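Enquirer: Whole structure, please, built from the sequences with the hints as guidance.
For reference, the chains in residue letters:
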Amino acid sequence: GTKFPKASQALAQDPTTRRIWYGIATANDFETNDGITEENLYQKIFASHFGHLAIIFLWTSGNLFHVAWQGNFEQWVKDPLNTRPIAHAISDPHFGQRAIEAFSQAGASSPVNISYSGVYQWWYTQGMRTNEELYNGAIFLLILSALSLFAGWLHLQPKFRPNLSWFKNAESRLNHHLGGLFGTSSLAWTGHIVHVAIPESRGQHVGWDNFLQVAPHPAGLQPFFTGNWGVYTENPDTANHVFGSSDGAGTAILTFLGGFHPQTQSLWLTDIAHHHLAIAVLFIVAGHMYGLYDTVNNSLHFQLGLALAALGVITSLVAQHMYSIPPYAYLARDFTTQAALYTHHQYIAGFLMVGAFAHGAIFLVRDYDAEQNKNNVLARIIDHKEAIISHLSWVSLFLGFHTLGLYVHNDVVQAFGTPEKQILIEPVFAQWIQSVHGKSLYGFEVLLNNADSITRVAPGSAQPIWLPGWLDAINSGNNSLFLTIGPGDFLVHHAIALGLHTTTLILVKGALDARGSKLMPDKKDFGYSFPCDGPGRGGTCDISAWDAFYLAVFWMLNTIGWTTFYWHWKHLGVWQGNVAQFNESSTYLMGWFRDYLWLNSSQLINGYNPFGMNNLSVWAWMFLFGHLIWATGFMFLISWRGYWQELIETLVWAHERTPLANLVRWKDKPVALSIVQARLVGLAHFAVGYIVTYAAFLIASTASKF
Amino acid sequence: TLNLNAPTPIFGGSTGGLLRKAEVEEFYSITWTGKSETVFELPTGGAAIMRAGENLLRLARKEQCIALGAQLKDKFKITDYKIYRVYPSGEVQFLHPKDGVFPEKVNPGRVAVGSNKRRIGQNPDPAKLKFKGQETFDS
Amino acid sequence: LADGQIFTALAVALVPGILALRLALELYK
Amino acid sequence: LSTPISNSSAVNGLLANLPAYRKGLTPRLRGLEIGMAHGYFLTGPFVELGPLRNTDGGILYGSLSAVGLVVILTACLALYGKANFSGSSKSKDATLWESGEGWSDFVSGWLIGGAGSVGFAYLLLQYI
Amino acid sequence: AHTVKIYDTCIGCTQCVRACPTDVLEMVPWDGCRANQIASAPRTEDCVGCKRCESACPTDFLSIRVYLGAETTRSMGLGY
Amino acid sequence: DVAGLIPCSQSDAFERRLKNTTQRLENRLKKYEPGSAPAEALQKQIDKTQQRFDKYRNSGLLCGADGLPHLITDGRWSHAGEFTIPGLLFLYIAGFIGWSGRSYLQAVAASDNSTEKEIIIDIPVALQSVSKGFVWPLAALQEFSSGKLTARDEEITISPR
Amino acid sequence: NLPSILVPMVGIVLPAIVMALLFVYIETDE
Amino acid sequence: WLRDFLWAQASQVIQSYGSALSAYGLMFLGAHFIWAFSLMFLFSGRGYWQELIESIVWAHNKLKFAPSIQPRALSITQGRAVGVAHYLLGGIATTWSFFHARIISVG
Ligand code: CLA
Ligand code: CLA
Ligand code: CLA
Ligand code: CLA
Ligand code: CLA
Ligand code: CLA
Ligand SMILES: CC1=C(/C=C/C(C)=C/C=C/C(C)=C\C=C\C=C(C)\C=C\C=C(C)\C=C\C2=C(C)CCCC2(C)C)C(C)(C)CCC1
Ligand SMILES: CC1=C(C/C=C(\C)CCC[C@H](C)CCC[C@H](C)CCCC(C)C)C(=O)c2ccccc2C1=O
Ligand code: SF4
Ligand code: SF4
Ligand code: SF4
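Residue numbers (PDB author numbering), protein chains in the order written: chain aB, 2 to 291, 321 to 736; chain aD, 78 to 216; chain aM, 2 to 30; chain aL, 18 to 145; chain aC, 2 to 81; chain aF, 26 to 186; chain aI, 4 to 33; chain aA, 646 to 752.
Don't read these hints as lab results, they were simulated from the structure.
This list has only true hints and no planted wrong ones.
For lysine to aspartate or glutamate, the following DMTMM-like pairs were computed, each having C-alpha atoms within a straight-line distance of at most 20 Å: (1) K205(aD) / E39(aB); (2) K207(aD) / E39(aB); (3) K699(aB) / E102(aD); (4) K112(aD) / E131(aD); (5) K707(aA) / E168(aF); (6) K98(aD) / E115(aL); (7) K7(aB) / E39(aB); (8) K159(aD) / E131(aD); (9) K80(aF) / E40(aF); (10) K548(aB) / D178(aF); (11) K548(aB) / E55(aC); (12) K699(aB) / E30(aI); (13) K207(aD) / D30(aB); (14) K209(aD) / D399(aB).
Quick look at which bits of chain aD chain aB covers, simulated, 3 or more residues with Cβ under 8 Å: (15) 91-104; (16) 188-202; (17) 205-212.
Built from N, CA and C at the ideal position, the CB exists for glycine as well.
Expert: Dropping the structure here:
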């Protein structure tokens, strides 16, 4: 009968330690707050969003303030090809003389980090040149974070609290965001490219002190109204042009060169601007157009579960398109920085997609009404529900037996001294597509390997001018634009498919079995996350919808891991110009053990040793740190509540019976973590361990050999 | 009535019994009349000895009183085990049998509380009780 | 950078420093 | 739990005659001898084993760490005051440790006794 | 405390009552025939939620269901 | 030359693997007595390797830059011998045991101890389903066209909604 | 001279108070 | 323990394909497999899977041959028992080949 926790009234009467844990676990779980109403819920969400908004801005301000103060951007802009970007200083009192001596690196005198987020390459392209331009963004974001905070506070006050109808006006939000949020922002970013970014890449300084005076083009805005848009197709930059300075600089602000800049190996600024200007137009027009709509509007989980499903899709795209299409100068050449950005965003994509299906299952338990959803599209998947899972179950089984089978087949015959007996399947359907995209390496000789096809010529309106720049790049093996593939790429791609199929099955089944099955017809009555249904009826562990999300988090990490494992190993050879090592060893699993894990861990594992230490001791310590916390998760997942609760009782007895200690007492009675709690806590250790093992290895292995 | 005091068995032990939960709130007392001087397993450790009695044992949980008398039913046929809950440092005296007869035997005059006039296949979805203080299985 | 611009940054950080103290109280309220 | 070192006269002398079980002392003074005892040896580890030991300066910094744990332990002795004694709720015994009744000076009797120990014990090893 | 509901599909077998380790349940006369009996829950404050009860019901889709709720000293099974 | 692959007759690194394996066996053979049972095991291990290389040299296979033969499947009938006829060879025998279990269980489940003859499987009906398994691609066409390869969804156990 | 004070305030001094405030908020009642 | 011992001595079993010591390289690989194959049973529970067979027995009731032996999950003690018996199946056999290959060569 204590005041804490406020949001959960029932928890507040629990006299044990469970109260504190669950009071944290049910705090921001607003849908089960005591005495809550729908109108208060929506107004609270809006304000909560501002807090997140402020944090992202502060984070980027923290990404700005520390670089301007302790980084080396001004030093970096001068010759990016050898300077290591500095994240921030190292102020750790436990450091010794020899640890300061090792991390005083990147040409610094005090210890600092070597940054790998790529913000230096991104900010350069955007037009930032000096540390003081950095200092402006952090200060500006500080106000914007406080302005979002004030606004969140503002829209919670009586006179400014919105009504319910405003929050549920779905069509207007899409219209206003593709109008505003998408339309106006993309068009303006083309403007920031042409009014700021492009001049600075051509040696011309444009700042607040002069931006109103210097125009982006010699005689612009007289052709603009008269329809003579073609004047902006004036003289681009020559192949001899040196990025960031005026030796070879042109005057174009809108182009369609295609390919990559020969020096930077990244997109043309003028090319990025036209793309954003064009997409902007598309969203502004579509944003002026406005039974399932009555269902997607009343469930906050359905909207979010699609919003993560949209976020999860485009997060994967960001990883796929940034490694093959580098958009920032020299970002293709900073290989560790190429490695961190791909892995990071791919893991995020896995969480959102898994999360999308997780919140979908919550919708099915608390909001899906069988009688307001009848004879529509939603309830017709529930109709043949047993069919979808059963077929999906088969494909996973099918994929697994054969994909593992081919790898083991190759391994054995290779183990016996006979590599020629391996089963190596050429990715001919894939090799078709690159050849259809213009890659004349595989020689399939149709569709822009065909020099006369109507696609390459485009006899309609003489449009196709991305083609020269593109064809040069697709045949040169100096980038990652449609990388060469062989037997290794075939097997992994089917493994990834196997990973995508097994991960999707559990998440779809979890949502589809959330409301009920034969083993548990009334599952919906117990809510989303509950322990089980006892040892009766054969046993019911891991029967809750939450547990399905929980098991799937193990499968996604494996899937997203295999993708990042594949992407990493392949890139090692290309960056070291010896693609042959990977091509022959990646078709059997011992190669991934000998030439990928063991081989690339040589330096990382020697970050410190009995003879000294180097600048990789953190990564070496973190690697071991990750292994420990990964393994710590196994403890909570294998040993369950009962064992611990009985163990705790002997400690409670011992404390109360020990003089000089008996005198003091706990306020909350000690109890073991809950059944669901342990799964989450175990998985959290496991997953953090999964990443911080991979983060330590990925960064350290590449930073030592380049 | 508990008639305290009553003779405790000849036991002498149990680190596994009756620490500082009891003296602040809610401990227990089973009573029976053992028709021998046999040895029996306690829930704390196991052996005390049953008396002729007026037997009495001060336990810690209502769970612990029940599994004692189920052994008194199975291994010793002592049907007279009468569990309690103590005065001021406990709550409600004489919980079992609350109606004078055994709860596996049916007694009229008891109240059908929790009795539900529907099936569980006829259970509503929480969308018909959403944002409402009604509970999905209530009646 | 300089030494003085660092403290002007730390002086304008109190403008987020009072509203989050108010908004989290307001999100609690 | 009745045999033999919970029941012996050798322990029931020593248990009762310590200033957490002694009857005559006061909460400023029975938090003092408790404070004087634990604080005195707490300089022991740091002056022998610290971050730096082979220095001047190993006894100064070792004793400076020693009062560092004490000022956290005034807070822990007051957060057992601010949590277990919230509204000064009594109990069935109401000694110094059951209910509070002396706790506001007991947190400082440790502070006088604990930091008064390291101020005492600094001049034994470093000095004299 | 935990919630223990008894539905009208009970076949008066009395197994559930004798399965409960803390004596939370008892049989009461059914009025639809005055010959059947149904279980009743006068001591829900002692239910630990072990679910031993639900395992004893023979009927194809149980008549007594235990939905775990707010935890208390009794329901968490603490000796302390 | 389906993806730049050169044939194994004119693959130069593929014929290099044959000069690399027996030389490792020749180092294993120079040290021994050349009439010992190691050496009759050392003349065999050359020649069992040899006719494998003279199987893939002669098959018109497409070896890669590694010197190792790869498999092509888009299925054309120039490269049908990689996947198609070794693949449908699985499919014929898979429906054989597939029409064993489809046909064994419908009769035996109409018995008194219908499940002990899943434990103690009768040697009559099993070897019949060996004979009934050989007609698997033809027999299921009059099953589905009549409808007795499936059921209606009012006959099948289906999880609640 | 800036981080040498600041990091033992945020890492040491700050959790000594914000867990002290979040010790008297978890374990108090109305 | 990882650098000087585990990284140094795991070399002898991953440079062993095409050797007489090569099934040691296979069992080192093969027992890393079955160890992780335990975690499918250890970290998981029953009531997911016995719910999942409702979908898999549907595929044999849609085609009218769902067996008289009802295809069941494992019991909870069994899922523990299989999970530990495959766990010790890996970590001992991982070391069994790893000890064999290393001490044959340099020892
Ligand atoms: C032998 C009779 C038999 C038949 C005709 C089927 C038929 C089917 N199974 Mg099932 N299944 C069976 C037994 C059978 N099953 C057994 C014994 C197991 C445990 C290993 C399974 C586990 C299983 C899973 C997990 C899945 C299926 C699926 C399927 C469907 C797709 C085909 C497939 O890929 O199978 C799958 C093949 C395997 C899993 C491997 C082979 C199975 C065993 C080892 C065959 C043993 C045959 C036995 C030795 C013969 C006895 C001889 C005697 C009759 C004379 C199809 C309806 C899938 C589905 O749901 O499709 C929609 C699916 O995901 N089955
Ligand atoms: C059934 C499981 C399955 C799944 C999920 C995938 C998924 C994929 N395949 Mg794979 N593939 C499969 C089976 C599968 N394949 C089979 C059986 C073969 C022949 C051995 C291949 C041969 C193959 C090649 C050569 C390539 C892919 C590629 C891909 C990827 C891109 C899509 C594509 O090109 O599809 C193509 C569509 C199919 C292959 C048809 C779907 C598979 C059907 C359902 C299998 C049925 C088997 C059939 C009954 C066997 C009878 C043989 C007989 C007729 C002769 C994608 C991950 C490409 C890639 O790696 O891109 C990066 C690629 O180049 N696949
Ligand atoms: C299930 C886990 C769990 C959790 C989350 C809690 C939580 C709590 N316990 Mg309980 N308790 C538990 C189980 C648990 N308990 C168990 C198993 C026992 C033994 C039976 C106890 C016995 C117990 C007692 C006697 C007391 C608590 C108290 C507390 C509260 C304060 C935290 C504390 O005093 O830790 C203390 C921390 C430790 C013991 C860790 C050792 C610390 C060492 C010395 C190193 C730290 C020193 C270092 C210099 C750190 C300084 C950092 C600074 C510089 C930033 C907190 C609500 C207190 C309370 O409720 O007040 C009324 C209290 O008096 N607990
Ligand atoms: C758990 C094993 C362990 C041990 C024994 C040590 C020991 C030490 N550490 Mg290390 N360290 C460890 C693990 C350990 N560490 C871990 C897990 C980490 C974090 C990853 C660190 C990170 C670390 C850092 C950064 C530093 C140390 C330092 C030290 C040294 C000084 C610490 C000190 O003065 O405390 C003071 C000691 C006390 C306050 C009390 C000690 C325990 C008392 C004596 C128990 C009394 C019981 C009594 C005997 C029995 C009853 C008595 C009876 C009469 C009633 C000391 C050698 C410092 C150093 O430089 O190393 C040389 C230092 O800077 N440690
Ligand atoms: C928001 C992201 C962010 C992050 C992760 C960091 C991280 C760091 N800062 Mg930096 N800092 C930031 C923003 C950030 N800062 C901003 C916006 C400013 C200008 C006001 C500063 C001004 C600054 C100075 C002067 C110094 C640091 C220092 C440091 C380092 C040591 C910790 C410290 O003393 O912080 C002190 C932090 C401040 C004085 C201001 C922080 C203001 C941000 C917005 C707070 C964000 C809080 C975060 C959301 C809380 C989440 C946890 C909580 C909910 C439990 C550490 C690397 C020290 C250093 O450089 O060591 C090498 C140092 O001397 N920071
Ligand atoms: C993240 C914040 C943080 C910071 C800034 C530090 C900083 C320090 N730790 Mg570390 N430590 C931390 C987290 C942190 N720790 C954590 C999370 C752990 C657990 C893994 C440790 C475990 C650890 C151990 C075991 C030891 C340290 C020690 C030290 C000190 C080494 C240098 C020294 O004492 O010079 C010489 C200077 C002196 C000896 C004078 C000491 C002054 C003391 C600390 C304060 C005196 C009271 C002061 C006037 C008022 C209170 C201030 C105080 C709360 C900071 C340094 C102050 C070592 C140490 O010396 O402990 C005290 C040490 O042995 N740490
Ligand atoms: C041509 C080709 C190819 C392809 C293939 C494919 C694409 C296929 C698919 C397939 C398909 C698309 C088909 C359809 C199907 C569907 C369904 C619907 C199915 C079902 C099935 C069934 C129904 C079965 C039955 C049976 C039998 C037959 C026997 C036993 C028993 C059973 C019942 C199981 C490849 C490249 C590889 C190679 C080359 C050539
Ligand atoms: C996957 C999984 C299952 C499902 C797996 C099962 C039921 C085992 C099925 C595989 C076995 C090996 C099938 C037996 C194969 C037949 C006997 C084949 C006969 C063919 C003859 C030729 C021998 C559980 O039942 C389970 C229970 C509790 C915790 C975790 C889990 C768990 O993770
Ligand atoms: S404790 Fe675990 S295994 Fe036992 S019934 Fe509950 S969920 Fe199942
Ligand atoms: S357990 Fe169920 S079936 Fe048995 S008597 Fe009680 S209500 Fe009836
Ligand atoms: S929930 Fe547990 S304690 Fe309560 S009646 Fe059922 S079996 Fe007995």
